[PDB]
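The chain below stands alone and is given in structure tokens; this is the form deposited without ligand 1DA.
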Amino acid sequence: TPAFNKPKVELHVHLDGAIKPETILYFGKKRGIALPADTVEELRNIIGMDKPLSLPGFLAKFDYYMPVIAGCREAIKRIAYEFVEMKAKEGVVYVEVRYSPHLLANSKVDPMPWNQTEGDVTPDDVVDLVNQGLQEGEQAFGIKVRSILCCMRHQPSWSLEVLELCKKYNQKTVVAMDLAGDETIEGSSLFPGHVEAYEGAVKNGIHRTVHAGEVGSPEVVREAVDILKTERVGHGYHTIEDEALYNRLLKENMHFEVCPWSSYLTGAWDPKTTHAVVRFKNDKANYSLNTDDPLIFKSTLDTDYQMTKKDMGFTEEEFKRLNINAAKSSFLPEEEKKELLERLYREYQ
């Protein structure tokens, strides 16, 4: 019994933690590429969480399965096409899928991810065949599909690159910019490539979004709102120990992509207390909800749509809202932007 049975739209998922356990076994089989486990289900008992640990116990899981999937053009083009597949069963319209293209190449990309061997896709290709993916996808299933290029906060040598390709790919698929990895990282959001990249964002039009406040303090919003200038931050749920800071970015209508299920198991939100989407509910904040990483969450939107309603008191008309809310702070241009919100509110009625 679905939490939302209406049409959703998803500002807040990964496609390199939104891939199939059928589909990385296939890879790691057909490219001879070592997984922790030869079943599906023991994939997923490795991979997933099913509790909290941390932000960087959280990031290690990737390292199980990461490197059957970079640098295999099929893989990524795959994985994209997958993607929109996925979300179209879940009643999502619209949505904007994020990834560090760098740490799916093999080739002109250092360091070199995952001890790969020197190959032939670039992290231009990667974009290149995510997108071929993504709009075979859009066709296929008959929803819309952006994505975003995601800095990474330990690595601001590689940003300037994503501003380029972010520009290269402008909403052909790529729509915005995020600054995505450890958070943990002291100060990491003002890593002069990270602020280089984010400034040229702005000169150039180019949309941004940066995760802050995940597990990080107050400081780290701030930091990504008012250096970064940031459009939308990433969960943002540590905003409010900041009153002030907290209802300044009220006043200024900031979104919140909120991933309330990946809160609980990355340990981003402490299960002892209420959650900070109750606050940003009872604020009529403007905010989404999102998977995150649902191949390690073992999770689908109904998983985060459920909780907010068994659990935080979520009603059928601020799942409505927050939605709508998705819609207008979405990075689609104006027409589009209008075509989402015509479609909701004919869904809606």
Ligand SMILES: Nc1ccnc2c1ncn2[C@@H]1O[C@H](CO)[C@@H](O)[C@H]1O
Second form
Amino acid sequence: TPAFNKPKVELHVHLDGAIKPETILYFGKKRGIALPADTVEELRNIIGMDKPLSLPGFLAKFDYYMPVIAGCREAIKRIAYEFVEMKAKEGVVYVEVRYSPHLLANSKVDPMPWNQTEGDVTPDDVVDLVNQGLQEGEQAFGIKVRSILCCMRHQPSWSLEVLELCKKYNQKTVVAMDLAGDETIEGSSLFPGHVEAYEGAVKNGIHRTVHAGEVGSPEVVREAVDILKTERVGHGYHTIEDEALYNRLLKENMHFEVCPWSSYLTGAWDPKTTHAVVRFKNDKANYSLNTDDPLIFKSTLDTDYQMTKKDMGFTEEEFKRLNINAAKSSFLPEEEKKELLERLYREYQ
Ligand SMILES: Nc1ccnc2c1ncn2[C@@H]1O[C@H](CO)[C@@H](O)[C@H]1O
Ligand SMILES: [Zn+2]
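May I ask for the structure of the form deposited with ligand 1DA bound now, the form deposited without ligand 1DA having been displayed?
Once more the chain from above appears, this time first in line as the rest of the complex follows.
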């Protein structure tokens, strides 16, 4: 009984936030790097969350395992290949994964992440590796998968390189650019590196998406929409607080990448108030359901579909409708996007 047993489309899910607990254990032992636990079960409880934390508290979880992956080509390519497999079983036909290429490299990276020792896995080298694994998984499982490179809010200096990686791997799995990281950092959406990269994304034709409103105020969403020029808004829950900006985003048809379970676990959604998605459903807004970081939220695309069905009262029509919108809002090229839409309709009949 999986709430929605039909093809699906996921526009918001981090790759480094969706790794099997078994592969983390495998590379921790093979590299001799420590892990908080030596059992996928105990490793699932240390890395996972059961109750709400905060954006900066949940982001630390990564410190536990990113060092086991970062720097290893074999691991980077493997996690990308298994990610597809995961989404293939979930009944997802098209996905757009997002990850920071700089956080997985150990060479040519401004501030070395995870106290690594210089190596040869460059950032350009990780977009390639992830492209290979994603492509293999595509031939092996049968689902389309494209990627989205992220700009980290705290590291603006990296931003322009992310833009160059996007231009270089355009369509070669890379279809867009994103701005993730700690949203609580004041004025991070305005740092010049980010602003400049997005200005370059607008003139070079690189799609854009921006994590905003997940935990910040409406001003942040307003900056992602007017100054950064997003085409999609990651989360955008708090947007409803500024009635004017919300009704205008509802008019332009802005797409809101929603992640329900994740908003409860990061604290982006007070469980006493009505979830912004309920208002997105009642207003017939353009939005998709996503998983964000299944490994840390101990979830699966189904989790989110069950959470909206049981609470919030979501029906199957709404599930087929928000998925058709996600396919329309995807960053696929027209031709491929048409095929995607041709597929869901045939399967939704
Ligand atoms: N829920 C989230 C909010 C902001 N940033 C996130 C979230 N999930 C993952 N990220 C960040 O995006 C990076 C790339 O996936 C991760 O290393 C993590 O830092
Ligand atoms: Zn996210």
